[PDB]
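One chain comes next, on its own, written out as structure tokens in the form deposited in one PDB entry.
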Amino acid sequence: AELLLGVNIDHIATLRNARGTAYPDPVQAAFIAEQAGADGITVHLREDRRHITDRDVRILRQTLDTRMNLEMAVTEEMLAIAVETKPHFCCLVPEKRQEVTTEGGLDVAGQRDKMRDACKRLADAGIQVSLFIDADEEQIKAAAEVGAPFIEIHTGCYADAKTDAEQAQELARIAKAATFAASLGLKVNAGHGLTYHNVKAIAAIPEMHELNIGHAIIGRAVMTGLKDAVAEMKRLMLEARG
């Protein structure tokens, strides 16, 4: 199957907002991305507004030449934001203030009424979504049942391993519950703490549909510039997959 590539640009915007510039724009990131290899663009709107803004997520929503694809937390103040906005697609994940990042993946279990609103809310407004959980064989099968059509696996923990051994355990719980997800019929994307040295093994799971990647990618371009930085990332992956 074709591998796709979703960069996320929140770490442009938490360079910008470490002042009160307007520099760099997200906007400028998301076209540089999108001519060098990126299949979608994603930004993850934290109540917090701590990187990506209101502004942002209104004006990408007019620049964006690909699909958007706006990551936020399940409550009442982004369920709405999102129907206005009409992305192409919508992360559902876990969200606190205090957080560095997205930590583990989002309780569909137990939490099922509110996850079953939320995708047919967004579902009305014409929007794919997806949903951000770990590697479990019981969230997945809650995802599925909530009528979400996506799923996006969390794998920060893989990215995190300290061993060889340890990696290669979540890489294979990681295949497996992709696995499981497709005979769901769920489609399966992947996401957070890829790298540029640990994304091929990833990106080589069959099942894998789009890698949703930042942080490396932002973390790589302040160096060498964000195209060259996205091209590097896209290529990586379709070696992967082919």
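Rigid core (definition): largest C-alpha set, two forms, superposition within 1.5 Å. Positions refer to the first chain, counted from 1. What changes on going to the form deposited in another entry:
After superposition on the rigid core, the C-alpha displacement between these two forms reaches 2 Å or more for just one residue among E137, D124, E103, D113, namely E103.
Return the structure block for the form deposited in another entry; the form deposited in one PDB entry was the one displayed.
Left out here are the partners and the other molecules; the chain alone remains.
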């Protein structure tokens, strides 16, 4: 169907934890976002509980009207936490140095045994898994082989691009990777680092299922208010596919 928007509210919690009070509350932000264009809410539960906390996840699981995408590292703690939470989606990301690739995505091709079992365990709990990876054919083929139904292409390099040519090259790499990914039966997401000024070229990629976006929305929100920030992003995304 239409391109979906997942809104990552981690930075609502970073603002909160900066002072130790209860506000602003990620629970409030999730309602605002889900009623302004978000089709899902993403929260990354970190080992260091730097922003989102166990309390946020527990309450969010009961208050979200749409569905949760739990971003987490592939460790025994997170896996168990994920199985008991039962979020609709789970997005596996690199936590430490021996988890990420030279560009930032998960190293799936080099850890097939771990990834295969993670995917299987989460799947058994009824969670749809997405593997956050670089737009790299080796990782994509590996994602498919280990059984993950989704992959989320890391759009950071595209976003960080320091020149037009560098950006177009990265865009083309993402587009070609998404096409290759779909040919393997994978569903493909993206979103990390996307902004109001570079999101359309990514949203225009036909194979994209959902763009998971956080920072730029929250950064617009402090000026503009979360409702308009989410709605503007969703509007740009639909225009792009138009």
